[PDB]
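Colleague: Okay, here's what each chain looks like letter by letter:
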Amino acid sequence: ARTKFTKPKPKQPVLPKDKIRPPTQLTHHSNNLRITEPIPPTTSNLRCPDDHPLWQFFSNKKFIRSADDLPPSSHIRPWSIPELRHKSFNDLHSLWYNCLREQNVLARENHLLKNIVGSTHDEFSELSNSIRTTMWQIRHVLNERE
Amino acid sequence: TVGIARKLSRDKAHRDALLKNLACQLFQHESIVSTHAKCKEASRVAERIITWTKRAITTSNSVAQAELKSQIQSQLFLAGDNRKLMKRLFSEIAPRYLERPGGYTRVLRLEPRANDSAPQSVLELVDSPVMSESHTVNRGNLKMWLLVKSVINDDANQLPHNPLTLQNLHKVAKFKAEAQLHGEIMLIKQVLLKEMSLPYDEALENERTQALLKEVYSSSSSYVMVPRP
Amino acid sequence: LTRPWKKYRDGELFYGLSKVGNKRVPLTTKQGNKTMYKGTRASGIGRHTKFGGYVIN
Amino acid sequence: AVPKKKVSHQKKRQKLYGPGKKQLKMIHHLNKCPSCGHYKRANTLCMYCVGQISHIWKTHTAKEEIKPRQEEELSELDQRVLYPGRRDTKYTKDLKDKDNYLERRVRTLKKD
Amino acid sequence: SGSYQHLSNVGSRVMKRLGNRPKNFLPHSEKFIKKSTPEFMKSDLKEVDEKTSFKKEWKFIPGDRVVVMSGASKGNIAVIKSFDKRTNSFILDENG
Amino acid sequence: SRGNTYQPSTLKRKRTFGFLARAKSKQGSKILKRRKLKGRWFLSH
RNA sequence: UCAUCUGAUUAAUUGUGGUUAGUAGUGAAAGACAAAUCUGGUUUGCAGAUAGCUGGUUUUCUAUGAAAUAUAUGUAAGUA
RNA sequence: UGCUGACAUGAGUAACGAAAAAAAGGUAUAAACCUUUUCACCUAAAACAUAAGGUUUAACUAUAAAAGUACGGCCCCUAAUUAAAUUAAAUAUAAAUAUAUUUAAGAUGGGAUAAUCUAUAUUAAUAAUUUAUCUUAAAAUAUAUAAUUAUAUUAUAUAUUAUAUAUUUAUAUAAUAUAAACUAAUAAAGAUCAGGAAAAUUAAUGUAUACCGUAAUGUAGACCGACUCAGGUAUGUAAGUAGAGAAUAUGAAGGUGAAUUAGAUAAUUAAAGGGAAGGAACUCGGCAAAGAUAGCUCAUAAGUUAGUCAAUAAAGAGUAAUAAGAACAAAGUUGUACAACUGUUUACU
RNA sequence: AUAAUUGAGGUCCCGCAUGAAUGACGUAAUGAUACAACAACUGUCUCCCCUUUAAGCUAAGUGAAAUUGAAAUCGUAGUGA
RNA sequence: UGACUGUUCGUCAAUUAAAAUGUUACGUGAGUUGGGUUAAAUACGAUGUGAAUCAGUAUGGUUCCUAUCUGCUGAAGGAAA
RNA sequence: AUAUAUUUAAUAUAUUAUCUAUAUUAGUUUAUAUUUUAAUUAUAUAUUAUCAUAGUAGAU
RNA sequence: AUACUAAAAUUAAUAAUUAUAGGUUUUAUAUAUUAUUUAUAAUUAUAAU
Ligand SMILES: [Mg+2]
Ligand SMILES: [Mg+2]
Ligand SMILES: [Mg+2]
Ligand SMILES: [Mg+2]
Ligand SMILES: [Mg+2]
Ligand SMILES: [Mg+2]
Ligand SMILES: [Mg+2]
Ligand SMILES: [Mg+2]
Ligand SMILES: [Mg+2]
Ligand SMILES: [Mg+2]
Ligand SMILES: [Mg+2]
Ligand SMILES: [Mg+2]
Ligand SMILES: [Mg+2]
Ligand SMILES: [Mg+2]
Ligand SMILES: [Mg+2]
Ligand SMILES: [Mg+2]
Ligand SMILES: [Mg+2]
Ligand SMILES: [Mg+2]
Ligand SMILES: [Mg+2]
Ligand SMILES: [Mg+2]
Ligand SMILES: [Mg+2]
Ligand SMILES: [Mg+2]
Ligand SMILES: [Mg+2]
Ligand SMILES: [Mg+2]
Ligand SMILES: [Mg+2]
Ligand SMILES: [Mg+2]
Ligand SMILES: [Mg+2]
Ligand SMILES: [Mg+2]
Ligand SMILES: [Mg+2]
Ligand SMILES: [Mg+2]
Ligand SMILES: [Mg+2]
Ligand SMILES: [Zn+2]
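Line order of the protein sequences matches chains A, B, C, D, E and F.
Quick note: to get full-length UniProt numbering, add 14 to the position in the first sequence (first position is 1).
Residues 2 to 221, 230 to 238, numbered by full-length UniProt numbering, are exactly what the second sequence covers, in order.
Quick note: to get full-length UniProt numbering, add 16 to the position in the third sequence (first position is 1).
Quick note: to get full-length UniProt numbering, add 71 to the position in the fourth sequence (first position is 1).
Residues 2 to 56, 59 to 99, numbered by full-length UniProt numbering, are exactly what the fifth sequence covers, in order.
Quick note: to get full-length UniProt numbering, add 60 to the position in the sixth sequence (first position is 1).
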């Protein structure tokens, strides 16, 4: 520890002027740089495609299907098993895929309703259930045929 | 040590820091609200600082001047918004008090704060200029404003001015040119009217102010004292 | 204060509504040692390597 | 260290409300405010008038709300894209409803 | 809300317990429910279960015309506009 | 200073008291059966 | 807890996992520790163990009303 | 000293848990929330990265992003160990079971390559217990008269320039270029206490790169302590100045100023500072509290088991210092009893 | 050895009732062991004084505890399980 | 007032006019201390075949309490003066 | 350096105000320091303040 | 004067008279440099820290 005694030794001979090397890089900065306000990215720069496949997750181009713009359960009816029974395999497959697609759009919407607004209306849920029923019927018919 | 100043439930250094801080804040803002005790001690410091500044401004002795400056430096935290505070003290603050002998700060009792019941007070510099250009009014001296408000109220009611109010006005005047005072009052009054619902007739208001000033400026028992028989 | 609407000392927790609860409960991916690997019926896809990698089949 | 007996209703009453010291006095000391004839404590500035003055000062000595240079001409759609509003936690919500836990100064009666 | 409960079914046993409340303590839960609902949402009639509710098996169908007795408007005539399945009850046009 | 006798480590606790540990040994099986008979909801960690 | 004091390259300290315990392990041995403390844990059961011991045993009114002695007792706080 | 519930009493008493706050503005709503400034506190941490742990506590539901190379798991491989698992007849045993032997499981360990970026798959053939890197030698730099003296340098870690060979991309060479610390890799080598286990090459053909961990908290209000508990809790980095050091002082940056405030500071208590003349008269007992005239370099007796053991000896000196003047390391000598000694012991007298 | 010693060290031996691996005996070192002496130093004391901070005290907010037959709970002498 | 002892006592030293004898739960531990003394550890002497024991010896070694009422020391408010 | 007025023939001079004492590169892995090189990036300048038991000491 | 209380002093600002705390001024004290000095007039004169 430092005390009354303390003889501080010098640093170094710092290699006499002539002996040093020239620095590999000479000119560094721009000694004149201004701090300018940032430049936030704008959407005008984009060209969002109209027929972009992710629009297929919405009904038409619409955030939520309004209560008026939903198919009411008075009109909509799920597919019957017997009726399905006389349908080709390919057609059945197509139907299934359509159903799935519909569910996805409902599903997203349903999630939005539940998580954010916190609604309990459950029209979307009901629709999804109906779709699921149809799907299961289809599956049953497929099994049955085999 | 015992009974020279308040202790404020803080050890020496911390207390000192607090008091200096308070002084600095007062210089910055002209008026502040705090606990009564803190205010009372803060005023002591601030007044002393002001007097030192005055002495520095006046005294011919270079040595004395330097010493006073040093003292002033010691008694402040010149860092953030107080960086130019030294300059301010000499150039702006101290001159206002050149003729006034002590009593540079004014402590006014408020209501005790609801949550803590701690007794509160306003601490403020006395003659602070109420009107800054490129700004309208300044964050100035509460007392003056209050007085003006009272006057306005009286006028509205068409009652005579309370003697106390008159006394206060006189006090305010003592170290103040008349015209300047009038101007200040006028400036206050318009603002007050705007704030309140009351209307504003300029000339009439001016006249009223003049009348008020005049009375202020030009001055005008059961026991019988008798010699021992 | 932790939360300024509760000034006084109540029977309130720093977070949540009760420290205790049933600890005997199926554990998920998030809990355990580094070595604890739960998995989520996602990859019986390829085969692990001798060295640590994964060769898809 | 410890009470020998349950302290009777009488005795506790007389300890508490008996003496003068322990009773709340009536605040006799209060008078009219010169600026607006409302009640105020004696030797004390009226809390309404002072508050008003403070407010006016604030309005006048208001600091310039340093709004950024970019966000002023930032398209609404663009803004939406950039900064979508999240759901705040319970705690945050609680904090936000200040009215629930925070008190505004009451006004006195008019003195007569 | 902000839950993700809808995407899962967890605490299945717990749900079952809370879903299938024994019927003799049904008065309890129902009282609480009644307490915690506004006057316009709440209805005086007791709910029927999924098994107890009938599905036709109704004595009437929405659309047809009906006479109402033993109420405040006893002897009323009304068109039955719709039914509430859970409660096994009917809603009547403008009347009843 | 005593009191802090439980020093949680998930590995140790699953390995010692866990369902799989219980089910692997005959004594463990007995314990699980006992808990089933009582109708406990949680047969072990 | 604060101060003070001791070891501080070792018979050192310590992380992670494992083994050994309830007639019973571990123990540089203090009957020390074996999940807030053991001349032998805890839990469930035998089980309402047993207690010549302590305490407790809830309305009213009427009639009569003792003893604390003798003998015996592993008996003298009991019982005949 | 019944049991359960409710409600009293002490009592509006004690306490509110290591503590530095102030103003202005959010907000004529704020001691406690947020922002700015001031002041302070921690700083080989109260910081920054992490492990474990856990009511997701986070900067949150629109949420913690990986083919892999100073990224971890799984996966391969095993250790300690574990396994109603495996050999007419493995062996033994009232049953339960136990045993040796195989097989499988089991991290706290091992596991190709890689910014001049890298390919793990399929088929065919035939390591390390600890510890030190001295002395010498070589060459370099200065004095003096090839040889002496004194000094530092001496195995590795790049960039630049100049050369010779394949043809600006390659190979090798020469010259130029600080200090004290640290890291990794290299070689050499001393000690007795003698220092893990386990999964081959070439050729041809290939590759679309899975799953899970990832917030924040982590010497703590987010773990274990019944509490937002002065306790317990693993690893790395830990700005400079100073110094032998991670001591001690400060603290750049970062973080923090708290579920109690405001006053007042009676008696009295705790934790400190100072104290005239005395100096153990105190007391069971100098308990407690004082008390350090270099921390570097010299110099250090008796005794002794010959070990500067005693020894950091006491005393004493050198440098520094002449009465004003940091913090931390460092507090005497001797006799006797008992035990050789370093160790271990009644977690909580 | 102290002004003065039931303590300490030395020596004497009617060892009430030592003694040799339940080791005997003297020594160097070591010991937060236990007694004692000297030096130095001091609030330990003669003899207490002053100062600081956190409490105590008052105001505001929150808000315990053991205890409790019921109490309208004085002194003295006498009495009395 | 000191030396000695856990000691009250006692033996001395120095004083003093004197260094009286008691009672007060051999006054006073919700006022302090804990040296003596009745626990757990250990050792020595003795006794016992031994676990262990002692009108033995020695080192170490654990209780805490915010005051309800009486009482006392102070300080107020109410009150009939 | 920038801002604001002045003079000059946006440019330069001088006045006032605000802000600035940095930063990058070399010296064989790392970190720090030194010196060079880059850059406007400074004073053995006056006076303060904080912390170190009131930092320590002499008076008071 | 004081734990809180209580006690005691003041609450003057008009025709006079009364200072309670803070400040302000005064002399004094405390510090430690100061005549090799400060102040006024032109290195000189006077007053003195
Ligand atoms: Mg916890
Ligand atoms: Mg985790
Ligand atoms: Mg527990
Ligand atoms: Mg086991
Ligand atoms: Mg271990
Ligand atoms: Mg024993
Ligand atoms: Mg042991
Ligand atoms: Mg009779
Ligand atoms: Mg008996
Ligand atoms: Mg009872
Ligand atoms: Mg009390
Ligand atoms: Mg009290
Ligand atoms: Mg208190
Ligand atoms: Mg606190
Ligand atoms: Mg505010
Ligand atoms: Mg450092
Ligand atoms: Mg962190
Ligand atoms: Mg394996
Ligand atoms: Mg804690
Ligand atoms: Mg004595
Ligand atoms: Mg003595
Ligand atoms: Mg020391
Ligand atoms: Mg020993
Ligand atoms: Mg022996
Ligand atoms: Mg030892
Ligand atoms: Mg209170
Ligand atoms: Mg007593
Ligand atoms: Mg008593
Ligand atoms: Mg001891
Ligand atoms: Mg500090
Ligand atoms: Mg006067
Ligand atoms: Zn008012």
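None of these hints come from the bench; they were simulated from the model.
Please note that the accuracy of each hint is not assured.
[Stated by the list, open to error] Simulated crosslink set (PhoX-like; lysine-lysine; CA at most 25 Å straight-line):
(1) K70(B) / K21(B)
(2) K24(E) / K47(E)
(3) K85(B) / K161(D)
(4) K96(F) / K46(C)
(5) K84(E) / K47(E)
(6) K93(F) / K72(F)
(7) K144(B) / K83(D)
(8) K17(E) / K72(F)
(9) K177(B) / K144(B)
(10) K129(D) / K46(C)
(11) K161(D) / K88(B)
Colleague: Compare the structure with each hint and give your call.
Modeller: Hint by hint, here is what the structure shows:
{"no.": "1", "hint": "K70(B) / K21(B)", "result": "holds (16 Å)"}
{"no.": "2", "hint": "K24(E) / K47(E)", "result": "holds (12 Å)"}
{"no.": "3", "hint": "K85(B) / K161(D)", "result": "violated (45 Å)"}
{"no.": "4", "hint": "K96(F) / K46(C)", "result": "violated (29 Å)"}
{"no.": "5", "hint": "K84(E) / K47(E)", "result": "holds (20 Å)"}
{"no.": "6", "hint": "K93(F) / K72(F)", "result": "holds (23 Å)"}
{"no.": "7", "hint": "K144(B) / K83(D)", "result": "violated (49 Å)"}
{"no.": "8", "hint": "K17(E) / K72(F)", "result": "violated (33 Å)"}
{"no.": "9", "hint": "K177(B) / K144(B)", "result": "holds (15 Å)"}
{"no.": "10", "hint": "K129(D) / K46(C)", "result": "violated (52 Å)"}
{"no.": "11", "hint": "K161(D) / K88(B)", "result": "violated (50 Å)"}
Hints 3, 4, 7, 8, 10 and 11 from the list above are not met by this structure, while the remaining hints are.
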